[PDB]
Amino acid sequence: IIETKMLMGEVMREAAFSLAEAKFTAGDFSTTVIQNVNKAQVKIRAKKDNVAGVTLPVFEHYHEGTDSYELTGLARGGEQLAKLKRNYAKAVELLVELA
Amino acid sequence: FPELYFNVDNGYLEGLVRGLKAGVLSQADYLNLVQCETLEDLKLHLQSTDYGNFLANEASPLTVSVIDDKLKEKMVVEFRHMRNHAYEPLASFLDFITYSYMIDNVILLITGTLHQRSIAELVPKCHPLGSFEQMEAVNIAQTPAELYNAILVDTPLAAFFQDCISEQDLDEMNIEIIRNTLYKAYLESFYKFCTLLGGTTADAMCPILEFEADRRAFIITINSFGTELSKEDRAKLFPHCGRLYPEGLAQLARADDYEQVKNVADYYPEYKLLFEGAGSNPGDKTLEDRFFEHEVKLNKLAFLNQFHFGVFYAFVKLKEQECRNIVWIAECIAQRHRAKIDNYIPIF
Amino acid sequence: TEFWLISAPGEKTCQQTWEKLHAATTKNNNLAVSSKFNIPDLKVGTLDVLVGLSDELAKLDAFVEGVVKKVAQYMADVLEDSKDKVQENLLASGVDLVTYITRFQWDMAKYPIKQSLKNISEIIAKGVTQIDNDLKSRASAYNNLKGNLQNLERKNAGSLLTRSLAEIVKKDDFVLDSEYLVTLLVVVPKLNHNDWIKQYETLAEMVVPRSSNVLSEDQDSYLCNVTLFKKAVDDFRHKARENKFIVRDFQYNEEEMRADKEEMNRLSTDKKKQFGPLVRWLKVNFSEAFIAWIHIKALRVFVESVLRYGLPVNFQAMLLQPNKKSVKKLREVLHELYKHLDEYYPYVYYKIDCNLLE
Amino acid sequence: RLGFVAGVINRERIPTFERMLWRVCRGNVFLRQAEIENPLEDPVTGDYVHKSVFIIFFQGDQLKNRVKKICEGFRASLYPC
Amino acid sequence: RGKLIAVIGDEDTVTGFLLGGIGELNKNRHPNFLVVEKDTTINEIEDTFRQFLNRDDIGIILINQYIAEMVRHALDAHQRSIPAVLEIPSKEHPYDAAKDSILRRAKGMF
Numbered sequence: 051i052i053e054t055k056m057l058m059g060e061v062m063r064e065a066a067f068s069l070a071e072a073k074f075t076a077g078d079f080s081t082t083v084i085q086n087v088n089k090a091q092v093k094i095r096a097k098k099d100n101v102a103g104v105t106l107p108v109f110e111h112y113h114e115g116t117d118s119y120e121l122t123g124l125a126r127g128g129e130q131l132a133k134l135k136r137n138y139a140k141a142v143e144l145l146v147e148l149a
Numbered sequence: 004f005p006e007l008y009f010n011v012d013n014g015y016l017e018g019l020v021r022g023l024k025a026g027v028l029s030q031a032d033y034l035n036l037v038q039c040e041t042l043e044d045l046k047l048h049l050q051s052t053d054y055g056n057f058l059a060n061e062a063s064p065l066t067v068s069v070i071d072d073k074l075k076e077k078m079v080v081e082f083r084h085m086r087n088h089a090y091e092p093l094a095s096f097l098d099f100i101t102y103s104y105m106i107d108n109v110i111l112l113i114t115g116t117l118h119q120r121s122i123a124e125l126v127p128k129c130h131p132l133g134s135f136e137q138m139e140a141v142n143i144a145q146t147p148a149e150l151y152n153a154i155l156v157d158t159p160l161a162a163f164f165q166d167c168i169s170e171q172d173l174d175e176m177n178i179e180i181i182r183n184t185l186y187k188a189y190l191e192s193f194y195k196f197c198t199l200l201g202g203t204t205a206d207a208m209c210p211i212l213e214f215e216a217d218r219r220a221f222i223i224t225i226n227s228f229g230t231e232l233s234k235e236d237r238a239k240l241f242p243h244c245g246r247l248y249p250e251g252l253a254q255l256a257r258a259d260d261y262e263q264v265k266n267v268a269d270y271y272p273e274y275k276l277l278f279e280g281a282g283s284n285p286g287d288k289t290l291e292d293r294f295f296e297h298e299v300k301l302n303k304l305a306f307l308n309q310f311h312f313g314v315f316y317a318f319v320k321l322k323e324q325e326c327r328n329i330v331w332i333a334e335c336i337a338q339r340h341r342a343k344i345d346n347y348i349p350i351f
Numbered sequence: 002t003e004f005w006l007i008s009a010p011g012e013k014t015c016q017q018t019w020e021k022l023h024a025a026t027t028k029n030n031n032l033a034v035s036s037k038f039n040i041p042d043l044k045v046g047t048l049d050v051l052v053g054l055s056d057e058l059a060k061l062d063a064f065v066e067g068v069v070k071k072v073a074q075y076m077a078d079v080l081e082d083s084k085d086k087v088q089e090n091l092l093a094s095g096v097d098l099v100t101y102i103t104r105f106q107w108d109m110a111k112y113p114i115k116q117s118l119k120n121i122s123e124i125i126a127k128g129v130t131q132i133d134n135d136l137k138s139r140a141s142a143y144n145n146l147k148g149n150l151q152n153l154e155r156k157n158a159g160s161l162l163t164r165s166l167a168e169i170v171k172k173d174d175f176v177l178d179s180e181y182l183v184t185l186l187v188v189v190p191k192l193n194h195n196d197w198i199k200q201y202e203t204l205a206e207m208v209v210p211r212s213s214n215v216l217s218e219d220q221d222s223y224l225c226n227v228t229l230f231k232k233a234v235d236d237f238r239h240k241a242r243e244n245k246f247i248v249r250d251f252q253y254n255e256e257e258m259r260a261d262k263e264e265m266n267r268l269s270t271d272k273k274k275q276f277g278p279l280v281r282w283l284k285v286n287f288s289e290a291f292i293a294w295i296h297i298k299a300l301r302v303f304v305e306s307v308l309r310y311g312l313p314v315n316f317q318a319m320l321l322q323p324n325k326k327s328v329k330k331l332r333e334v335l336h337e338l339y340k341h342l343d365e366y367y368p369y370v371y372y373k374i375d376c377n378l379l380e
Numbered sequence: 167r168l169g170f171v172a173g174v175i176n177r178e179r180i181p182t183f184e185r186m187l188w189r190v191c192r193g194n195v196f197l198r199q200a201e202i203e204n205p206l207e208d209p210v211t212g213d214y215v216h217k218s219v220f221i222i223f224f225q226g227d228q229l230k231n232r233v234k235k236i237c238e239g240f241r242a243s244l245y246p247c
Numbered sequence: 004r005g006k007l008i009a010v011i012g013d014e015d016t017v018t019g020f021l022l023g024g025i026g027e028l029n030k031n032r033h034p035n036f037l038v039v040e041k042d043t044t045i046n047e048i049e050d051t052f053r054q055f056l057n058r059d060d061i062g063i064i065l066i067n068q069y070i071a072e073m074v075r076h077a078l079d080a081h082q083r084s085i086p087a088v089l090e091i092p093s094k095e096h097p098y099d100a101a102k103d104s105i106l107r108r109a110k111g112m113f
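Residue numbers (PDB author numbering), protein chains in the order written: chain H, 51 to 149; chain d, 4 to 351; chain G, 2 to 343, 365 to 380; chain a, 167 to 247; chain L, 4 to 113.
Next comes chain H alone, as it looks inside the complex:
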């Protein structure tokens, strides 16, 4: 947990500064992203281990394929936004392991 929180610090600092690097080209996409929600591309499945007779709950990271934000920044910033959606998907995959 302590190691994974330090690694979370690294990936989150990278993704947060990458959001600023996207905002530099894309402008306020944040309002559009916040308003235009429907269904999650990433979801979590509860799974179990039974070591020493004790059931331990964990999560598996799972992915729905469909990108609800696919056309965002098509005209401008879509290069940095494509890096950004990957960086926050990598942040989520680490956070589901941390959870």
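Honestly, I wouldn't trust all of these hints.
Claimed, not checked - Pair by pair, the computed Cβ-Cβ distance ranges are: (1) a:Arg189 - H:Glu147: 44 to 52 Å; (2) G:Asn315 - d:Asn284: 50 to 58 Å; (3) G:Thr47 - d:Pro249: 38 to 46 Å; (4) G:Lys44 - d:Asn266: 26 to 34 Å; (5) d:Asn346 - H:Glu147: 30 to 38 Å; (6) G:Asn152 - d:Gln119: 49 to 57 Å; (7) G:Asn315 - a:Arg189: 19 to 27 Å; (8) d:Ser29 - G:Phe230: 32 to 40 Å; (9) a:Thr182 - G:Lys137: 45 to 53 Å; (10) G:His239 - d:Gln119: 51 to 59 Å; (11) d:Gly280 - H:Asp78: 24 to 32 Å; (12) H:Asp78 - G:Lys232: 44 to 52 Å; (13) d:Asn284 - a:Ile180: 51 to 59 Å.
These aren't lab readings, by the way, just hints derived from the structure by calculation.
All C-beta atoms in this analysis are idealised placements derived from N, C-alpha and C, irrespective of residue type, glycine included.
The hints should help you fit chains d, G, a and L onto chain H, whose structure is shown.
Showing chains d, G, a and L alone in chain H's frame:
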């Protein structure tokens, strides 16, 4: 020809906005800004340039979000104090600048109604350079179809909707296809308008708008490949103004991978240089960054002719770039990620 | 340079259709240099395997082409000089691409003909997938050493603004190891240096006269040490920057000059010790990947022939080297010879591209 | 194992239908077809359609999936026999 | 069936994970996130945190580290094993474990 009469109506504002161009951060100001280590030092540097006192009487725990809002407040007040003094030819032209921001507001309004959100929730989020003159749509806020009718009544954008969009299309289109079809009509109409203001406006302004059309065709193309957009959807979204219109747009509608987009860019030495100037590797300037540098090269060069409207568009796009730059430098300083701080775009 | 592969039934045996084919493709005009092609009698089986392979081999073709192109590009990326010698080093069966295409050999020991088409295809998939795993490994070895040597070279290139302190720093120019004393270091343009020689004494209090000491000068600029009392330094450095005098502090850093020297020697030496093994591994991997790539062509030809003509086989696998001046007439002769069998064609058709060497 | 399907399709689709079957089941499909003794009435529109029966023969489930995909592509209907 | 992650944070932290694919409406049109504007009262944040931890669809809550210090009472009162809570760092905010609830549960922590 135009020199004789242009200063009759616009010569004050031509002088005012050139005054406001002297009010920009030089390359030396950015090279001073990046030295320092906290948002309080950004305040002390901006206190010394033409931005003096802009951040007095504000919360002592500064944030980069305050810097963004205050730079927008400066930019909008400078623009309103010109638009309020401009006569009909320029005033229509300045309204074509505001129409770009109005498109990015009206799309939020429609998006909000499609998700049952009240327009009063989005009013504070709308760009102040795209602010509405008539509020009946804002006051009603009931349904997407009601808003469509209220936009046609209230909003200068009404003609762009009538050229491209029914209310039934707004129930079925992706909001980013909507924004782009509006921007197509906006550019084609504004380019026509600039050619009706023929001579030194068109001769300095059309090089910018033709680049906006060419840049959109490139960037929309290279971004579409990872998406559900068809060849026909790319063709429908491209602006018809730029040098690519005779065939470049057709070849980009045929394209499906980045190599074919470069093969279009290879025909025009400017676009050949923009692509060959960016591999988009780690620590490299990206392809879109090279376009943002060239958009600035054009908008600087539009100041080289004393008797035209090109300065007002160029001023706005350069103050927008200056707001992009100051925020990016403020982020690098506040977040301590100084490694990319040189990625602002120099202006003059 | 490009080659075409075809397959079609014999009248009763494979020879009989080839005799008419290769004659028409060479004697009507030089439409293509024309020959048989070396596909052996692999062990046939059920349509369940043949049709599965008819899609899997197409996915494997695109993958294996990508891998052999990456091997060739890695050999081009070590050949950063002598770039044209790529065609002397990309070899399969010990010969040039055009030659092993023209003189193809199926490897009956690595790919035993008595094995099923599924087993042979899986051997290629596994083998070339490990070549791709090796390319990920060898990229992580080479590209980091390449980038580090490029950064060491960037630390030697250009003016005093970018060239290495280790080439110019010497102990006698410094005042250090002291409570009240400091040495600062500043870069100035060669024109502006004529002001700097006096002007540094005006930037702050507590500066002794005649304490600017040049380490070296170049085509653009000077770098000097400034020796002064400790109270001066923060005002001095800040006011140097405000007047465009570029601070570049390096207080005889013995560990850092030693690191620049030792790493310049090491990264050049290690890049050479990577280059030799890389060219050898890339030669073996290119040979195996290109051999296996043409084995996917042979499998696609064989599987489609055993489909298109069934199991009572008498087809001839064939090779063509098309001429660009007459490639449309080549297609017309291939159609004229085979229109009765049924881009798409009534004969089996595939190609090989030699531009791996650019 | 051996396998086969039988079904019904509009008669004008037959030339493209047999060509597509020979493309997906590469060069190898045994088949036959015939026009029905009268056109058949549409359950929704009441239009009378000049349908034709067909039968298709192969081996294994991999070919069953290809012939069925092409039947659905031409809006043909298969039946158990 | 799979669970969904939920987020309490500023506009950038929410926007970041929304582009990370996290965003879903429940069928009742309620979101799985809260944008904390500076004007938002701590009681509204706490009510959201309480709604998220008591909801059956949500499996993880991400709380920006500065919010976790404001809502700290309810956050330390929450002790269920399944609905996990991550206090997370961000661009203008404290370090990755500032008074972390799990590291305070731990016996071997320094």
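Now the hints, each set against the structure:
1. a:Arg189 - H:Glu147: 44 to 52 Å: Once the Cβ atoms are compared, 47 Å apart, the range 44 to 52 Å for H:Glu147 and a:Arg189 holds.
2. G:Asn315 - d:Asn284: 50 to 58 Å: 55 Å, holds
3. G:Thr47 - d:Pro249: 38 to 46 Å: Once the Cβ atoms are compared, 56 Å apart, the range 38 to 46 Å for d:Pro249 and G:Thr47 is violated.
4. G:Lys44 - d:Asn266: 26 to 34 Å: 46 Å, violated
5. d:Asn346 - H:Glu147: 30 to 38 Å: Holds, since d:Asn346 and H:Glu147 (Cβ atoms, about 32 Å apart) stay within the stated range.
6. G:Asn152 - d:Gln119: 49 to 57 Å: For G:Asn152 and d:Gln119 the Cβ distance comes to about 55 Å; the hint holds.
7. G:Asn315 - a:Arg189: 19 to 27 Å: 24 Å, holds
8. d:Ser29 - G:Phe230: 32 to 40 Å: At roughly 35 Å between Cβ atoms, G:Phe230 and d:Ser29 fall inside 32 to 40 Å, so the hint holds.
9. a:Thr182 - G:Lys137: 45 to 53 Å: At 46 Å between Cβs, range holds.
10. G:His239 - d:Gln119: 51 to 59 Å: About 57 Å separates the Cβ atoms of G:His239 and d:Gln119, which means 51 to 59 Å holds.
11. d:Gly280 - H:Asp78: 24 to 32 Å: Once the Cβ atoms are compared, 28 Å apart, the range 24 to 32 Å for H:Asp78 and d:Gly280 holds.
12. H:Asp78 - G:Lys232: 44 to 52 Å: Holds, since H:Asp78 and G:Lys232 (Cβ atoms, about 48 Å apart) stay within the stated range.
13. d:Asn284 - a:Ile180: 51 to 59 Å: Holds - the Cβ-Cβ distance for d:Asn284 and a:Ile180, about 56 Å, lies within 51 to 59 Å.
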